[PDB]
Structure formats: structure tokens, C-alpha cells
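One chain follows as C-alpha cells, the form deposited without 3,6-dichloro-2-hydroxybenzoic acid.
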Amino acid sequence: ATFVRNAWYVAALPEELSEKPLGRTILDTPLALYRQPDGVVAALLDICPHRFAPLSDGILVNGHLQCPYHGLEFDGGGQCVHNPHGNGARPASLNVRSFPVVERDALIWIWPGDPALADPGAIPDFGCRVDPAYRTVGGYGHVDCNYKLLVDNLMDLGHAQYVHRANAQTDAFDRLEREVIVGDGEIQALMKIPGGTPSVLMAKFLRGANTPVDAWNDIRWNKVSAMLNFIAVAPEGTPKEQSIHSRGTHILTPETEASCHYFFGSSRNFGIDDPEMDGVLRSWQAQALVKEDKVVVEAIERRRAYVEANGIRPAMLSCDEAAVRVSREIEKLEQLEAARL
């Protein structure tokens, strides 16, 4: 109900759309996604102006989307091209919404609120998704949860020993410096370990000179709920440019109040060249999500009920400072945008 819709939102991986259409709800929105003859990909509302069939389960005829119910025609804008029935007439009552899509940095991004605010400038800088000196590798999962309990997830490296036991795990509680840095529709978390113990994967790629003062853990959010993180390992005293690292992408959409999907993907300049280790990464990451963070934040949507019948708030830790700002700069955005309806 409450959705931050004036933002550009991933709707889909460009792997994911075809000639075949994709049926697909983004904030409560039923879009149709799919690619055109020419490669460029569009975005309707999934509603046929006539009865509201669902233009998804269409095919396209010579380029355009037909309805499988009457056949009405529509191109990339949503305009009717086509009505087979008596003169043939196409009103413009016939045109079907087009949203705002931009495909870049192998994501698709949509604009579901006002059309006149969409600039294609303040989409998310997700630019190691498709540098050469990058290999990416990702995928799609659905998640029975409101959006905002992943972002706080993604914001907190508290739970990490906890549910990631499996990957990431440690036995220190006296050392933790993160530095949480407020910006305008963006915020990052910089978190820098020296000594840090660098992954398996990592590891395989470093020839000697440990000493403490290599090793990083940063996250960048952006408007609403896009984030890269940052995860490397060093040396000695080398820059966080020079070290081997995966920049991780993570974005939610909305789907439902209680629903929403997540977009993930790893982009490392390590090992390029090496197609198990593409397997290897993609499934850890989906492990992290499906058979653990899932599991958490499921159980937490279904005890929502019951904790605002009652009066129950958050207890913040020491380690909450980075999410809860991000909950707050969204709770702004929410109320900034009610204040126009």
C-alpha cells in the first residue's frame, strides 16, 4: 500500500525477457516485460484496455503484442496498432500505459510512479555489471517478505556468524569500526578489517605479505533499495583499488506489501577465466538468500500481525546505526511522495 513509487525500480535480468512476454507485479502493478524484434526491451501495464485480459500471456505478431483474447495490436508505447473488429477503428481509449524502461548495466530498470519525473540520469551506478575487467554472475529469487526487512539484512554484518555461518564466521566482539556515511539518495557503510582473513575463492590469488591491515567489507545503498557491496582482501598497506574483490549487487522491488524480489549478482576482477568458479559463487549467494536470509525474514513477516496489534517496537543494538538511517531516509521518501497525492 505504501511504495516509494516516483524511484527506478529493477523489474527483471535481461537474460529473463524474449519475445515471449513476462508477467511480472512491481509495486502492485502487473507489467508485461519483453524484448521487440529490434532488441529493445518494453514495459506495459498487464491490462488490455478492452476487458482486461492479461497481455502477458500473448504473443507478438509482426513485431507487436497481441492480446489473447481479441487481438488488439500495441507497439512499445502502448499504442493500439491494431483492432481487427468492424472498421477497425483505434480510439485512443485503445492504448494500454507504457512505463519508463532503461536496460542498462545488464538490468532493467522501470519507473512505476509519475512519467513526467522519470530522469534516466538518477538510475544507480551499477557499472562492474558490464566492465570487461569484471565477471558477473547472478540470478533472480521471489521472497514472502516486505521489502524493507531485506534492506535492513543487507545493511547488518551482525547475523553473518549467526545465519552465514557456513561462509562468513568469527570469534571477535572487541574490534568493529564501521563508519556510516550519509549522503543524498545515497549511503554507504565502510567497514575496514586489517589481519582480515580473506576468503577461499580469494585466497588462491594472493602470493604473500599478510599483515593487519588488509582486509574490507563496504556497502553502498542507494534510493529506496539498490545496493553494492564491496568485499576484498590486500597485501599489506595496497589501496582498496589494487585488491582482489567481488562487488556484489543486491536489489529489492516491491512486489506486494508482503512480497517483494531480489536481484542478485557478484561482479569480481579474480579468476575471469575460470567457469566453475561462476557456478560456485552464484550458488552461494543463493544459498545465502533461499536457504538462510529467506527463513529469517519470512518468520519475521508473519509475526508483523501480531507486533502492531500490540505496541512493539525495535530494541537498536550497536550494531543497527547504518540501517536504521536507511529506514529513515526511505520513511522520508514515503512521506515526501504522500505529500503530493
The other form holds:
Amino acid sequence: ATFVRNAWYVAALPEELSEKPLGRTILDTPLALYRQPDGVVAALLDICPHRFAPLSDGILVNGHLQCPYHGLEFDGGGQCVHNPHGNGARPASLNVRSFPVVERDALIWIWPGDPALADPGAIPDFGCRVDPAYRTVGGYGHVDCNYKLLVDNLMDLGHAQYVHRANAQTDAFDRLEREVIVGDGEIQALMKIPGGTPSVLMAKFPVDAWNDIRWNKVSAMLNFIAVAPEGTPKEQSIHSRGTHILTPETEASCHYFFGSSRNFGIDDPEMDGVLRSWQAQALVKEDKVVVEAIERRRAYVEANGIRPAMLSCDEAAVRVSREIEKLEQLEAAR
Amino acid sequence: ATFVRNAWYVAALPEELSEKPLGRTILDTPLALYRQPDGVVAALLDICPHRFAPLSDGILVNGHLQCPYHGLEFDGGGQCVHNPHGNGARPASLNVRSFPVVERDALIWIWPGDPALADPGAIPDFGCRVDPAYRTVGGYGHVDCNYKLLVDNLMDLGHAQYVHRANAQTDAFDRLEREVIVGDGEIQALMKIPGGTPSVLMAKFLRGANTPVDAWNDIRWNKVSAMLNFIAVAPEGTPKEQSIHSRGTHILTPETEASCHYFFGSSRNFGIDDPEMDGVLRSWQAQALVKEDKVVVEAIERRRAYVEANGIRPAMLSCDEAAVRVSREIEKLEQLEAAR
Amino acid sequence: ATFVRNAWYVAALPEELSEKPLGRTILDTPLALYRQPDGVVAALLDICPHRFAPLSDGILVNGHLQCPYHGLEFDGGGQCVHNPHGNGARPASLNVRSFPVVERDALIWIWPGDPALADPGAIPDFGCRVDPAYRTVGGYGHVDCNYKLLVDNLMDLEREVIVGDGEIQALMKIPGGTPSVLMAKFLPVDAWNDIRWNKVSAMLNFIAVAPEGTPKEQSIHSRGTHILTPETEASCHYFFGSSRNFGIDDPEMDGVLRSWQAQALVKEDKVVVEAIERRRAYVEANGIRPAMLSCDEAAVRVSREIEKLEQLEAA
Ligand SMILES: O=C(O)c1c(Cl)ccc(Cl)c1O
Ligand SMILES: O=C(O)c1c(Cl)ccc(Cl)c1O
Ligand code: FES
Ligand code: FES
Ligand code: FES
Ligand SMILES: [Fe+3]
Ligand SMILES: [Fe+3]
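Could you switch over to the form deposited with 3,6-dichloro-2-hydroxybenzoic acid bound, since the one displayed so far is the form deposited without 3,6-dichloro-2-hydroxybenzoic acid?
Let us now look at the entire complex, which starts with that chain.
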């Protein structure tokens, strides 16, 4: 596996974590994630230094994660704080790796690379997720594809015309206007779908519609899905700001953190349902089926030297793909 | 995986196909197989040229297969016939590979190699499957073995005496007469079982008659892995040409190096309008082929790792000539093609 | 795979075997295990010499195992004794490998390695299992981990470790002891909890209680059979049991002592060891080594003796 290890990744949603550890692998590194009694999240290598047991299968004793096998206890910095055996000696060899963690924007960010290099200032901005003016619903899915396939999926939101046709079809697709903005470690794909009638989902939300997506390295995206009367200014539109963040698990699997942060109907539980239903149907079923299928075709494509043929809808995805490749090969030396 | 690509293989039974595509892998090549609205079967590489989505998950739009991801449309020759995006241009890079198909003898034959070389004259003769004088029943099985193991299985039909003993055991097995005939592209293993009580199955062929019979179990192989047997039984001394018989379709197609597709059938000249005989034959196929032979050859496949790691080679018996000759011919074909 | 092949391993409990063969893989070697009409167990390579079918899917014909595929028949020595085909000649090429096998102490021992070196005198002493002074029960389980992890766990659980050649004993006596819950009712006590390891992965423990001053030989006690046999690199067979001198006629006690979770491996510990196996790749890729604790003294000694045996065999 080539991964970009010197980057922050979402390892969990905060609501996933408790005093009961969660075991999750990121970039082929198994983690034990838990919240301490003072509310601070810890991320330890999920391999007890004694005999390699899953720390994530243990419990907290006085706020310290206890290995379920022979009961070594660790603090959130990975220091061994109790050895119930023999003289109770705690040599430095009993300490476990602890990863840099930042809880921000209702996300748990972890740095799996060179710890000397982990700068929290580099975490991308998902502030809408903790803005009182926005209502945020979402969750987690696991996907049996390489993460870059789901980056591709998201950076060309045109696929929704077909993959998600029951919800997302529109006749104005004819008249799609595209636009890509490239910035420093950030790329945006803009689509405008003018004048058309609303898709099934937008009608639940003659109109203009905007589906924009912003990528920041490595694989963190925030989209902007908006619909409004024809003629209505984009900035006056009701919108969902969509969290779509990917984290590699293995070379051929990933973690998908998704969310809708909406500026409309924010006390409306029927709207909560519309959006959770979309997430359930579109993201965790329909897209999964596509990208998992493509993953299965990788061996053939690679064995036969097949390269993708690009269409007019592919600029932003291609630019993002090249940026990740650039980061991946940069790190591979050294 | 080494396969012989310049050869016809059965990809499907016609009854498996419709306007809803079937995704099936042959010789490590994923295919989308469907019958167009005009009735003609198409076989496309199951990898969209754009971003590699399974066309087999798509549906027909105007009788063209539509990619389910971003909606490119293809015809049965693989030519992109609509691009929904931008100026809608369709350069040659958007065409997908199409595979030659011949629908013949109630089989779907496909050429997985160089399509310029696909010669319908080379398709083996299974005409009995479409001869109104024969009644044909059969179906499909998937097996977790290298196809060559089932070729071995079939080219020694003597295995039926043990593997299928409840149905096939004969008390005249020890009087078996064998011949092997070697032709151009073709090998036959002939077995006559003279003078025995009919097997449980043969007695059913004969509507219970339990007096002594002669029986024949012959098999013809054509390259690469298409076999047709002759299972026949008659009152002792009656000519073989006068017998009631089933001509058995036994055709294998590699899927991966360690798995294959098994297309089987019986084309019989007796009890032609008889649904209970249909059931006897389908039952045999379900028990003998899809269960009992599966169990043997899948177990053998699981032992391949050990055999190879330990330098173990098979020990041949008098029953093996035809199977060995076939194996050596498939080996020859593989080697010819490995150039390059 | 790195196994120590030159040693006796348990392949089955006698009660598992009959004239219907059992197919079981030990040290990545597929075996057909069965009893002949005279009761004597044979252990054949589960690969027919003809075309490699599972002999273990066959039946006896006149006391000889018949291949299910084309009917070759073998004796317990692996000699082909009938060929149905043609002239029926039986060249030596048709013989199947037969493994040294000894039924002793209500265990079926097999030697998977160089057969020249198999000496039945070297088979570990589990005589308590057939001593009528003891009530013996047990059973079988499978675990998806490397057998060494289970040997480690067993060799853990006035202290004393005795290291000799292909045997290690870990002794513990607890004066002022506590009876186990199991033994408490058959009684100011001494307690004992000892374990004996013999190469490669065969263990016998000694769990005991008596009034202080009593010879441990005269205590209330159980001798526990705990024998691991590698299946693949990442999986193992675990033969467990106990030979006890208390409650010998109590069938309820027989039942709890036949329990895999009660006697060999509770679910929570199986979860742990199977999880450890899943971490092996990471540990190996990152050159991570275990950090030992005071409880590891015996396990480490055993571990080092196993590693020595492996190295010897890397011929
Ligand atoms: O997953 C999203 O961000 C999304 C939502 Cl919540 C609603 C509508 C559309 Cl078209 C989306 O793409
Ligand atoms: O599968 C066959 O070709 C077959 C049938 Cl249908 C009936 C009887 C025998 Cl012995 C066969 O081998
Ligand atoms: S493996 Fe964690 S304390 Fe032993
Ligand atoms: S993958 Fe087929 S149109 Fe995009
Ligand atoms: S495989 Fe055993 S007799 Fe043929
Ligand atoms: Fe989607
Ligand atoms: Fe058969």
C-alpha cells in the first residue's frame, strides 16, 4: 500500500467514541480510540506491547485503558501506568504508541505519520458541522474500495444523474455549466443546472440548482448542494453543506464519513429523515455498489494496461487524482 | 493464469440470457452478456472504457447497454453510440471491447482471443441439442476447480463406478473393453460394458427391465474442453447403433485458474415426450455432476498446494490413456499460444 | 510454514476415530485417520497416489480403505492392495504415504516429520489418562491462531521453573492456599498448580489441594491434558482433558470438565488470541517484538526451545 501518512485523517465521528474503545484501522494501522473521563480522546496503537492483544477489547480503569489479556494499563499518551505482575515494574518497553489526535468540527482527526510533523493548523475547515445556524445529520460507512475511487465518485457529482437517477435525475443536465477552481491544496468543481424543474430530492428540499464540491488534501471534501427559484441569487439559496470525508483502511478498503449540514428546516424532523434516507440509499448502497465493482475490476485493468478514457465531466476529479498521486510519490521517496 | 484464448468457449446457455445483462468471467475476463431487442446476443468486456464500471449492472436504453455510472451507451459491437456529456463527442477511445459470439446448438459460444481469428467452422458439433429427434435437458454449475480436473474426470467415465456408484455401478465393470481413437483435434475414449445387469440408472432408461444388457459409455473431446458422451444400453447382443441412448453435453469453460463453469446436458432418443424421464435425468445431473463430481474435484483442487510443494506427480492406471492424451494436447495448445 | 516436523503430535482423540475416516490436517499435511477392523488406527496421507482424491471420503472394503474416485484400496501401511483396472497390477508407485502412528494414553500420536527418526519411546507420558485411579474426560477444539500463542497462554496461567531437554516444568505451591471452587468440597490447606511442557506443544498440569503437610502425590487433584497441534501456520487443534481423583462417579462434573470454554479457552480469550493472530502482519512489517513480564519466565524458555528445534530443522 502507498498511502500519504503525513496528513490528518478522520478516524471517527465523536458520537462513535465513548469510554468503551473502538478499534478501527487507518492506513493499515490498527487504532484503539476512546474518550477519557475528562472528555479528551486518545488514539493508541491497538497492539499491547506485552503480547500484542487488542487494547480496543479492554475497558477503562480509572480513566486508563486496560489490556484485556494480562491487564497492563495505559494513559492517553501511551505510557504504561500499571503492571499488575511481579514487582510491578514499568520499563519503557511497556509503553504503547499514541497518535496525535484533534477533535474539531465534530470530527476526530488523527495523524498517522511522522509525529514530529503533525500541525493541527493544517486540518481542513468543516466549521458548518458545529455552526448553530446549521442542522447536521450523518454517519459512517465502510466501503470495499480503494479510497481514491470514492474521491473520484465525489469529484464528479454528475454521476448522480444515473447512479442516483430515482432521486437526482434532472432534464436540465443538458445544460449543465461546469467550472473548476484550483487553489493551493484545494480544488473546487462547480456545476450549475439552470432553469430546469427540480429533481425528486430538490423538490423535497422552475428552479436553479448548484452542486459544487471542494476538495482539500488528502481526501476531505465539502460539497454545496443548493436549489432556489429561477433567478434567485446562489447565496440566498437554501443549501446543504455535505461532509464527504474518506480515510484509507487498507489498500482496497476505506472509511466514509458523510454528513449534511443544512441552513433550512433546521428544527424539522421530517427533513432529518429525507436527508438520512438519501444518505442510506445513495451513499451507502448505490455508490458503494459502483466503486466496489470497479475495485473488483482493478486486477484486470492493471494486468492489461488499460487506462481510463476521460469525458468533459472529469477535469476536477483528474486534477485531484494527480494531486494525490503527487503526494503519494513524494512520500515514497523517502 | 495460462488459458488457450484463441478457441471457442461456451459462455452461457441461451436460457440464461435476456435483456438484463449477465456478468460472467471466462478465462479471467469479465463479460457482459445480453440478448438485444432484435434477438442477437452480445458480449462486451464488463469494464466501461470511461471509469471501469460494470456495464453488466446497467440496463438497455434504446436497445443499447447503458453504463450505470455516467451513462455512456454501447451497441453490440462495443461502439459508443451516445455520450451524454459536454459536446457529446465519441472518439474511438470510448468504444469497449466486443467479443465474437455464435449462438449454435443451444449454446452461446464466445471467442476470447484475437477477434480477427474467430472461425465459426472451428466450433464443435453438438447438433443433437437442436435435433427434433432428441429430447434435451440440462443446465449450469459452478465449480471451484481448475477446468482441467473436470476434463480428467470426464475423459475417464470409469469413475462413475465409484463416484456415482448408487446410480451407475455395474457388475460387469471387470469385463470393460476400452479403445482410444486419436483424430485431428479430437480424441475418443470408448468403453463397452458387456453382459451385465443394468445399473440403477440404465434400468430406469429401460423402464425397469432387469435382464442382461450391453452398455456403452463413450466420450469425444474436442479442444479445448468441450466433450460429448454417448451413454447407451441395449439387450445383450443388440447392435450399438440400435440402442437407446443419451448424448451428454459436458462442456467446461475456465473462469479463473482455480474455478470453472460447467455446462451439462442430456440429449436422449427415448421417452422424448416424458416429463418423468426428464426428471430422472435432471436428478442425475443434480446429484452426479453438481454434487458428487464437484465434491471430488474441489477436494483435489484443495490438495494442489501440497502436491506442488512436495513434488508429487500422479500415478497412471490402465484407465488413463484418453485423459492423459487430452491433458497433453491442452498442454501443447497452452505452450503454442505462450508465443507471445 | 515453519513447523517442527520431527516430533510426536496428537492428531485425534481415540473416540473421534472409527471405520469411517476422519480427514484432518496437521502441520499443513492432510491426513486420513481411521480404525481398521482389528481396531488398529492407520494414518495415511489424504491424497490418493492416482489422481489425488481424498481417501478420507472413502469407505473400507474388506478392511481396506478404498479411494472414492477410482477404487484403489490400501492397507494401513499405505500399500496398494487392490487395483480394479486392467491387469490389476500394483506397482510401488501406487502406494500411499503412511505416517507413524501410536495409540497410547487415550491419544492418537502421529509423527509428521522424517520417519526414520520416529521413536515411540519419545512419546510424552500421559499415563494418568488410562490409569483407573483417575477419572478422565475431555474434548477437542479448533482455534484460528498460531499454536504458539496457546502454548504461551498455558505456560503462563514458592515458584520454580525446571528446564531440561525437551521438557520444562513450572511449579507453584501455595501454602495457606485457597481450594479451587471445583475441589473445595472434597476437603487448613496447601495448594499446587504445576505445569509440564514436552516438545513441541504437549502439556500436562497438576492442580491440587490437601491439608498442610500432605504429600502432593496424596492430594485431591486433577492432571489436565492440554495438547496443541498446528493445523496451518495460523490455526491449531487443541486437545484438552482432565484426569481427576475426586468426584470420579459424578457425571455433572464430567460435563463441566468436557466444556471447551470451562476447561480450555473461554470465549473472551479466544477473541483475544485470534485478534493477536490478525496483528501478526503489522508486527512483522514493523519489526515489533514482545516485551516480557515476570509472568513470562516459563513461556520464554519454552519459546526458545521451540525456536531451537525449528532452527535445527532448517536443513
Ligand atoms: O450527500 C450529499 O451531500 C447530498 C445531500 Cl445530503 C442531498 C442532496 C445531494 Cl444531491 C447530495 O449530494
Ligand atoms: O451426464 C451424463 O452424460 C449421463 C447421463 Cl445424462 C445419464 C447417465 C450417465 Cl452414466 C451419464 O454420464
Ligand atoms: S498482551 Fe496486554 S497485558 Fe499481556
Ligand atoms: S464509468 Fe461508464 S460512463 Fe463513466
Ligand atoms: S484418485 Fe484414487 S483411484 Fe483414482
Ligand atoms: Fe453518489
Ligand atoms: Fe461423474
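Numbering follows the first chain given and starts at 1. Between two forms, the rigid core is the largest collection of C-alphas that superpose within 1.5 Å.
- Candidate set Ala116, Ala92, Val200, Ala133; criterion, C-alpha shift of 2 Å or more between these two forms after rigid-core fit; matching residue, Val200.
- A movement of the C-alpha atom of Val101 falling short of 2 angstroms is seen between these two forms when the two forms are aligned on their rigid core.
- Relative to the superposed rigid core, the position of the CA of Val163 differs between these two forms by less than 2 Å.
- Relative to the superposed core, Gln79 undergoes a C-alpha shift smaller than 2 Å between these two forms.
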